[PDB]
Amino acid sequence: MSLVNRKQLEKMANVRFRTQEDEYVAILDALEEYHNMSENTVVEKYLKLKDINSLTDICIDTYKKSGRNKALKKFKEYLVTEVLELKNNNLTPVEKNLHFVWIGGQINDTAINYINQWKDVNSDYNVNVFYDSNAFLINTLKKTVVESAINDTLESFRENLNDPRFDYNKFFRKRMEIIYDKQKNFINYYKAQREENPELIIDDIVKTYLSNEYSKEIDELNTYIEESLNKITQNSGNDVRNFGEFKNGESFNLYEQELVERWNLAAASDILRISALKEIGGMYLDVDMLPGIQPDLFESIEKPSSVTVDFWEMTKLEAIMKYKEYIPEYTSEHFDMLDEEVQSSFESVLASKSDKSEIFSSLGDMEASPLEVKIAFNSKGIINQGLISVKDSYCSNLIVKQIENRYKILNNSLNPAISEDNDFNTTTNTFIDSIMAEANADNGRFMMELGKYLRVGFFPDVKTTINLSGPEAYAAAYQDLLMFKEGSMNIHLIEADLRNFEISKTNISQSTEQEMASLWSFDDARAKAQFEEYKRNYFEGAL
């Protein structure tokens, strides 16, 4: 399992009558050094392999027709394998912290109920539910602005809505234009207020705005802030405004951009979660994730052949919540579709258990490499709804830097476009023209995903966040690690590469009810059902 020594590499890369060139010798020296590093940190050894890798590339480029290159390229594969060896063999304890994030408003009971299942089965774990005490009204601001735009849009189309099958995309298109205008109005107000009185907090500005523009009662908004603050305080709340390292770092401006300007709480949470992991260590979880089910629990019950795996995984939790009642209002939509015999097998199994510890597994003493961040997987690949990292892991730093470099590219084209104070369509075109002029061979595909940034949260199937602060930033960091580099923009890693960094599937139950409804995005199917909902809501409005 050891990777090659100096002599073994000289045999490999041997070419009769060719002297060892300086750049060849350099690799050889560096390799022997690496084998003298028993007492060094894993990170120190990774950095050595990184330099060995860099010296190998130099040698290859310096002598492109060399009989050594075939073996040198082989040697590079060995370096990667060694990183995985290093990663898999030098494990340190994961700090016993569970980190949840809920920002922008009051947390609901169902989110708390999911959180308590984890608490209930991981008593040795300190729980953080990150919130922003300056920013409990962002969810209200977005809701009010979007509902206002919904109404203005219907009043624009009117009877044209009847006929024929009017293209519902026209609705969301016109509504985006109105949303962009209102949002710009607020952003302009926020910036004017901050520059007039830097002591003002987001919520002060938001409630004044809501009161001025939407005739909201600030007394009521005040009471909601009060209630939200109290509730999260009682539920392991941890204020972002006290997270000093995060506040003073280069990501905080990105966080606030998503929070205050774009109203994208999932993107804001993407930025927060990884800084929390870097700075504190532990395990990050989305509030719609539940503890792993005990593997032995349902073994005696065979999945019917007619039913898919993901369907079966949903019904397991639905079975649990039906008979054990751990979480109020939990759906049994799928469990109920089953044959009565299979339902009986579930209730007989669950009945033979008296404890929640017999139902959900505990996380226990986990360990992972100082090099890595482990990430959840689903049918579509990596997903950052579950993350595991020791404090200050090398990858956590790689991910933070990916996100920041991704936002730097975004904002370089976006800010000038927005500062021309034009409408949605003009702004969009200007921004895309700039994105296009700035794209090259190795970021092209990333750039194609940015063009859509301005509609995030407001138009169906706009998922740009994924490419900016979400899963693609992690894939890119992993490529950084295994490619011995920084700033990868073209992802070429395959599933098997990324599988190296996976969280064991048994540590998380992903197929939950709340996971089936995205809070920051919505698909075409959902867009259609919203649009018709809005049509009928409005018609019933004579009240």
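We call the rigid core whatever largest set of C-alpha positions still superposes within 1.5 Å between the two forms. Numbering follows the first chain given and starts at 1. First, how it differs from the form deposited in another entry.
- Taking the core as reference between these two forms, the lone member of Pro198, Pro164, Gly244, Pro328 whose Cα moves by 2 Å or more is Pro164.
- Here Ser66 counts as shifted, since its C-alpha moves by at least 2 Å between these two forms after the core is aligned.
- A displacement of less than 2 angstroms separates the C-alpha positions of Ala527 between these two forms, with the rigid core held in common.
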The other form holds:
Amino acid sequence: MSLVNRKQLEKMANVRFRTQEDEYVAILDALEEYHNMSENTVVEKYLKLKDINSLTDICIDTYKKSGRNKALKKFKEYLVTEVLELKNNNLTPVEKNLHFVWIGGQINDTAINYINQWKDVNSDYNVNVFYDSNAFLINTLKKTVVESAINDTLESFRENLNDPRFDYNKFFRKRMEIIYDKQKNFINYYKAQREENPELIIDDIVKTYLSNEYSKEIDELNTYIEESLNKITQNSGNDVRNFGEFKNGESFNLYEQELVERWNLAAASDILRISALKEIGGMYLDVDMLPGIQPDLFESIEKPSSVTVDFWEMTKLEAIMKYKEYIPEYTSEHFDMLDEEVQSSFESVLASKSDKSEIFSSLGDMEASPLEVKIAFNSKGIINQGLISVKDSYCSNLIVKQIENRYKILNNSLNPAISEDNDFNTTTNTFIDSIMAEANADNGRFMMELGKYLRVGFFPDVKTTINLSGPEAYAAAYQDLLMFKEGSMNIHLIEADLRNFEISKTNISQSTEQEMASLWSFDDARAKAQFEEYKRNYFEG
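Can you return the structure of this protein in the form deposited in another entry rather than the form deposited in one PDB entry?
Partners and other molecules have been left off, which leaves just the chain.
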């Protein structure tokens, strides 16, 4: 399963009676010396593969009317196969680090209780829980602002709360306008202050703002900052403000854009996590992820037919937490819908086990390609809630580059829109017009997905983050890898290509309670339920 030799290819692209051009002879040359490269690093072999590819597309280019073009194009495919061979066969130890991120406010007990499960079965792994010591008040800032906007929109309706269609669609639309205006009022303040006193940290600007505009007590905010700092210190805290390579890189301004202006802590988390992986190596996990259940644990209990495979994965966890109680206040919602007979079997199995290690598996020694970042999977494809990479992996670099390039395209259209000082609607329309003018056949779908950006976290079903800093940057990077290029914007890879980068399902339990509620986004059914709750509160409060 090695790949084609110098004269093995030379008989493949043999065209009768016609001379061998310089750029063709370069392919063969580079190909032979690749086979003498069993001294070189895994990266050096990829870069030799990239170049053979860069010479082959340059041979075709110059000779559009060449008989070699059929074999020259079949060779380009053999090169892809070889990357996949280079990746799977040449594995190095993954650094024993677990990376979590919680930024924007205090860490809640739930996250720590999830994190501690990883701690309890991975004593040989170092754990970082990343926080930003300048920015404990963003979550407070957003919540105050959203609630102020909730109350203002309801003040607008009220005499029309009954009817007709002052429905949940209309509410979130109006609320968006108010939110935009408040956010832009804060952003303007932030920038006025940073220009005046460049020494002021995020939280200083924020608490002064909350005091001036929402009558919050600075003393209580200060107390909150001090408690949050103490709590994260007690829990493997690691400060973004001491991560120097991150502070000084080209992604820090983007990270702050998301933190300070957009209040999207998931997008800020996306930008930081890949950088942690690039700089330290190891395994990244969202705080709503729990260890993998032992393969042979529930092997005696059979999934009944009246149950989703995903319902079953949820119940497996809930049965562990009902009987072993590892995580307090874990839901039993789905477990309780089972039979007597089926609930009995779970207790009976969760009985013969005494150690947490008989329930949850350990990561132990892991290995990956110096080329790759491994990514978790769910039914909708790849997902960056789990990631594995060795320090300075080739992909970690390609993913960083993808994210920065995606932001460069966004900010190029967004910023001129914003720096005209208009309301939500006009700014949206200018922004979209601009995105539309810069769109082309290469970046089309991605551009369509960018136009909802001003609404992220504030309106139902707005997922822009996925295309900017999330899973799509990862797919683009894998395509960069497999196509010997950089800057893919048009994803043509299918499921089978991406499967090469999967973390095995046994290493993570993804079907957790906290996974089932998104911190940066919300669907329509949730938006409807929220609307109705807010009306009641307004009526009763």
